[PDB]
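Below are the chains, spelled out letter by letter.
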Amino acid sequence: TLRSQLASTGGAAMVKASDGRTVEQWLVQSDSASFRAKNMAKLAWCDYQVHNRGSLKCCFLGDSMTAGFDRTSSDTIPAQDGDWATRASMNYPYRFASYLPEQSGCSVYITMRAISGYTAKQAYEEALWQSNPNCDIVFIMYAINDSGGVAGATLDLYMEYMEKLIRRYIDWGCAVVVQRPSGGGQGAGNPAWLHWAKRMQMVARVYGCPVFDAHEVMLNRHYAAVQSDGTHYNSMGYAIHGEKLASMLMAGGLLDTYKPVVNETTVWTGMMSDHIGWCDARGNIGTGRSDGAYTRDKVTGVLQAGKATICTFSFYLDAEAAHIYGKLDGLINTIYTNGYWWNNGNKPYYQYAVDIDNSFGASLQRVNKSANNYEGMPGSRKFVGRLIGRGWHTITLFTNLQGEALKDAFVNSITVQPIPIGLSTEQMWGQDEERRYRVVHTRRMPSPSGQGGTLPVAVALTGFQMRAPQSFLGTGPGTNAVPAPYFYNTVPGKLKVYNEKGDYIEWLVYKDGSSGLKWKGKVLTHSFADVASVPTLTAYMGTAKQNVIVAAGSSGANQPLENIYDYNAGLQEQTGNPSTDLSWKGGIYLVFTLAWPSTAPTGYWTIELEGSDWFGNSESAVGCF
Amino acid sequence: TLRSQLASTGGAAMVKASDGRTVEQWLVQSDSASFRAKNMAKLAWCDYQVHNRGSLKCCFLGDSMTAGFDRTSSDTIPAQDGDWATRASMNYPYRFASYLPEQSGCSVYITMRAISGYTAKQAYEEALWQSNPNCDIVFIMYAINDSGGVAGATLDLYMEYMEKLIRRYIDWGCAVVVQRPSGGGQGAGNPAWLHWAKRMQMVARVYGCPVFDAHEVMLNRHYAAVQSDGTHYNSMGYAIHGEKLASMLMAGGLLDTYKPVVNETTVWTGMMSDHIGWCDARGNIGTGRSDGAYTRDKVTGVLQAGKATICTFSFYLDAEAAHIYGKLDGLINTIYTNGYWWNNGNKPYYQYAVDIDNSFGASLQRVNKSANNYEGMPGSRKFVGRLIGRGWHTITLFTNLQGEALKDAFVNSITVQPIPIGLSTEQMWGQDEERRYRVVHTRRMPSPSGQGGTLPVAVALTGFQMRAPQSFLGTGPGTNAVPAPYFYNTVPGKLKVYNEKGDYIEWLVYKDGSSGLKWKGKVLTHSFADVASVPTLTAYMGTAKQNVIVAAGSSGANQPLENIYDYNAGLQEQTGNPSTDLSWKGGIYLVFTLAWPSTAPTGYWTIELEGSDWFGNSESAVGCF
Amino acid sequence: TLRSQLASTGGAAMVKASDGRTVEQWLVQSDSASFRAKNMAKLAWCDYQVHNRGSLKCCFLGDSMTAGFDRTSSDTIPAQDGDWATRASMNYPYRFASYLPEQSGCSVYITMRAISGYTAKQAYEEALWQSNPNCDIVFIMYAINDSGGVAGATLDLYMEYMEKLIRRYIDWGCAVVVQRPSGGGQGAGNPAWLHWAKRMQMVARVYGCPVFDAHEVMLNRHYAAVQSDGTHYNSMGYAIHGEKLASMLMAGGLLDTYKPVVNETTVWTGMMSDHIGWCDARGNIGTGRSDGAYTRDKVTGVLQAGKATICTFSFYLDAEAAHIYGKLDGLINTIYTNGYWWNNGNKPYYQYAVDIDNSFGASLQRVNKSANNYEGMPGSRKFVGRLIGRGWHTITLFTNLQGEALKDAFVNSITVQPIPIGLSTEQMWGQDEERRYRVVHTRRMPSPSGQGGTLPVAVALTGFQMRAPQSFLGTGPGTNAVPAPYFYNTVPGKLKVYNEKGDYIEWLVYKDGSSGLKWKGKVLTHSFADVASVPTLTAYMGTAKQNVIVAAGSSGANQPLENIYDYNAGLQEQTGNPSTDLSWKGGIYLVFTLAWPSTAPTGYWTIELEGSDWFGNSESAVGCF
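Protein chains in written order, with the entry's author numbering: chain A, 462 to 1086; chain A', 462 to 1086; chain A'', 462 to 1086. A prime marks a further copy of an entry chain.
Heads up, the list lumps identical chains together, so a pair's fine if it works in one copy or across two of them.
As a list, the in silico DSBU-like pairs of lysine-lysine whose alpha-carbon atoms are at most 35 Å apart:
id, residue 1, residue 2
1, 830, 962
2, 830, 868
3, 962, 983
4, 477, 518
5, 1006, 768
Keep in mind the hints are simulated off the structure, nothing from the lab.
Let the sequences and hints guide you as you build the complete structure.
Structure, rendered in structure tokens:
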């Protein structure tokens, strides 16, 4: 019966379309849409599981580099998981499965489909892997052995069989993630497998497979620190690669809508950003609205006391370096550099596998310095640290993992500012030298803006407030960041006063002793005939008081729903004591007082408070290391 | 007959493919390609209509937040459009339909498919919405009620039915735009609907649906200013969300090729950029080539006199803030901050719904200041303003909407420079304090560049021109920006002169009185034994004269087709009077004259004209507020 | 027989699906997946061929602008390649086919499918183009004649037939690349074809076609320099467009995973980046790991002596300008600006077709200056040049093309830093004026970082090293960049010394004569009562010595696999002679010595070495022009 024939396997081949081709050929050529749709559906599901403390069953492919090949170092463990070669003490799938749940709360289950020396053709034809593993996401890395001619693999065969593997795992219900092959000389020798896998990356993008640039992971690392032989990593290299893959997942890198961090990006807890993926690893971050938050979003990132809380911010850094700024408060253990989440210590050179500037002349060896106490100058913007290297970065903000935190830690905002790598510092004065920029905090009294057609009356410059430049802020854990007991913690600045008459005064604004936040100005350069005509400059470090712009209950009850606050109610001097000072959320101001000897001259004053700040720093950050 | 059976509904199920599955199952799994292709075809059509003064029929989905739910504030209007709950006086679909035609000229027709408390399953099964509305684009927002368990909605049911809605509206010929759900505490409480709709965003990207991050819209706003209750917006919040959606459309955000503004992006009228989408709302922008344009592209953005002209620049800002620089001239009414296109004034706290820095200590309450008169220092780069917050931004450059503009306004270029939020200012001296950077305008006479092997002869430093740093430029509407009548409008700078002999002179370059653009230098620090040996420093603010690089008609007639101009013909002093001065298109130069007392010493001079400029400012911008 | 009928052309139409539509209609609507998959598969293949010295058969479409229409200038050649109109002496397909193999080694074969005045409908119905050309990639540009109503072309007909052309060329095995139409007034007149082709771009993105923004190419150029008539280019405009298309290809712009350069991006040879595509044009770049590399990646980009080596870095610049920094060494001929790879010189105004800032007041006419000798201050970061304009940029690092290079040239890293256009310089002091930023190199002895709770002992400030700011570095070819023989090559800086006691000293740090790299400080401003109490400041320019962090062979042999090096072994003075000095890879340090007259006061010293640097410069770059 033709019916049975139509219902048979070859039924689609007996029906031809208007172009002369059979229906079966049309279906076979156009099935990439089904694979693409299934792939991104499963990828969206996997992203949801990553960001919602879910569970991921992960199948890990392909060859020796996925298998954790290590036959050179003494940090090896016997061959497991269907491999034949001695494995490093920690490969990338296992570091991924130990890292992703730790940072995001998403449980990871490993299905190791990795054999050393295997090709894409070998993986597609491997007897043990012919069954559906029923996992959620599959990471595929096959280029190194393919380009070496292993098992007669050619570029066409490699590409065909990697496409076949992608389609097979998509049909198996697995989200296919394609990895640019990792390992070996940071691109030394112009390896063919990079080109092969680039072609395969584009063919994978045909199916909507996200590409994890694993070659990018080791670009800014020390080769000796991450490699066991000329091609394969040691334990630390594999661990860093797995951590970077997990960072890609918690960044939202599985999604097509993901955008890398290219400019200054400020995110907080509970808000969804396509640039920085935030993961609450244990679900105990209190993302409630409180007026006590130091940001206008009022979204307190409460890392509550007594609860082991882990706050994770993952993103792709599209620059050679970035500066992490945060409105943090409390004892927050911060890890953001690879090689400090995991280091077994088996090899002494693992610690030198951190992301470092490749330019020998632009940076010394990177001694990573992270802050754990961000409780000083409470309410102020804190310098969390720096991220070196282009790629996927994770900022781990966690409290005591045993739940022994006595006070609430707050992550009110995390700012990732891509910075040029030579203009970045590990901490404030935490490296040999900081290439800073002379930043001018300028104020005009009276300002010419908005006047128009009319000359404002000249004013006497007797007192003014200026936001303290970054050099004026100290670095230290907790209250040690305040220069109150150690007035050397702040860099003396310059206050340059200009007027329309050509009268110029330059003061050296340095802190006056170790009792309170008081600054005293020394006259450096002035245009006056006598130095006795120069006013005495005294300043104090203070924060702006809180005024209520719109009080809740003004147009109904209910009906500016919340309180719109500003810190423009006046400047109050701070003594550096958090128990008696106001919150520094209103800003760190240097409130200058000019004690003129005679009557205060009236004029159109331009005040420039000079300091050195990091490149592009929006707000002066207090250092906490 | 098997034929009738094949032609029947179940005909595809009776034919099986080579894998054992029926042809019908193959078609059902692989139909995502058709939906994706139709979706982006309609999205491209919708983008064309947005950017070509077209017409869009917009169907608005889904729940209470799309419906404009407001049952708390007194700014409510009775339930319309098939909803049951009291609506805010302006929801986001209606603000979108009032904003998109106003800014782009694209007529918007509303089909309100929004009911308060509705889920994706309820929308797919809603009796009134089972018919094809025959609209062009559909915006879908369903996560809040789904995650609350409304009508038994689960995550799987939610995802299934949102995918069903997307496919249904794609088949109906509607461009499907997916919105990250908006509303409530800026991410407070770690809402489940954010995660659900993130998963749904990825599944929508399966179908090529652009994702409008509506959660991102309220991240940098005051919660009390935009919310009516804990989850739903008031009139201003909905208005800002609709304006942001329209900004996404006029940015080109409907297209996969759209790229966010990540670095300094300069665009003008009539040119197509994948970063900044420009919309001519009324078709009356004269985008002709004239040598009178202040830019080398010669594309004059003539907002012609007597014509109501609206120039719109929309884009996604991938930074926490940006600075708008423009080569504008004339009376251009500028609106670029949300909350100033629309504000009914019913609630006094609506004005505090502007994009503000969440850091209390990095910014006071944002008092938005926009310039309407950019006619001063004509030809110079103008500081248009700042954009705060990551997301979609619109820059509206419109003249008198009644056609009563007497002179032609010119938009020769608009530069959007992503800047760190703390380094941004609303206007020049328009906020409490500007965190500026000390910018050094350095010139070497003779320069060592390009010499090689040979020592150039030492030259006498008697006169030189330097581009005026930003601090040297004033702010004011029209001619009020020129410090000619009010010499306090400019900040005095420093001219530091170095030579190879170790001779150093530091002048205070301040403006000499209120008659003309003349600057006079006061000697601050010098290395000479006697201050009488220091030359007298006099400067004037002037522009470079026009020289013809290649005159049209030189190699044929026809045949450098146009005139290649440069402004390097010499420096001419300007008096600040636009009726007698040259155009400032040649740059704002401080032309210094050194009157040495004895013969002018010869040497290898390094001249550093110090000033304070905004972070990353390419060209010194004149302020116009 | 129904069987024959099913196997007939209309067989699919006789089988209907469950929705009532026939199987044929389902196949016709959902075939976009097959076209998309084939398109990106061929695009990945084409990208592989571009980056692996492959071969591309390129079919060039569409109208007069693809055909190289030029009927106005005297730089025309008779009509070739099936066109009817006089062609410019170099159109964009031929410049592309001469440029892509030159820069990437990928052989290009031209199939000219371009006729002047042709539309998309005309191209689809052209008799000569009905056959499959069996080429690899097709570039399509059809909007100008379509919007003019040529051959009755309407927007719907245009869109339909361009989609038909895209599908036809995808079925023909050709990678379809869609070009935003180029030509005419930089967007003058608000041309309709820009909008039409924007719609067509989105419909092309339906099929995964990469969009080459050719309208973006001429945005920052002089119109007179690139145009022959009001719409069509001259030879130079077409050449620049073809070079930009080739730059798009070597950037990896054919791939969906490509990301533009938005922030500082550092890449080297042999590494794969999704931001900067690196092409080894002749396969002779030695990308081996050597400790002699100036970067921590140790990937030497050896342009070996005696071999014609071409190193190409292509990328999309998502800013108005960028600065090219490189750790280069040797005689590397650098071309990075369009109009300098190709210029036939037939028209004198072709040289003014370079990417220039459109703001007349922010830049003079761009006199491009590129460095060929980067052998000075060996090991230091070099300022390669600047890239102006948003779009696709190529950095060509090639040695003597005849193989007469005597020494090995090294490309250890190329850094592309997007910079604001007004803050960019062509070379160090290579333009009229550099708008620099006052950068403060700050060091604290003792630093307050990491101490906590305890006051460190005060130290005497007798000697310290500081990384030299950019103003301290000279510019010149090879050893001419060293200020050793011509001490005017460096800009004198300021060393500001602060302490906790309010003692401030400001020195003028200028070079002490022309014998060696010795700097001497002149006291400018001090807070001391007597200038005799100020210490004598002497400095030398030196590099840090090499210390071994982890020596290879420490934990096994094999087993920190390589040597982890740092340059923190001490500071050694350099004389500027490359034959006797150390490599400058350890950094360019100004090592200051303070000779106090009495005993050296002890205190908490803040040292600020002030200089002027370019905006966002990570490491001080030596200029090489």
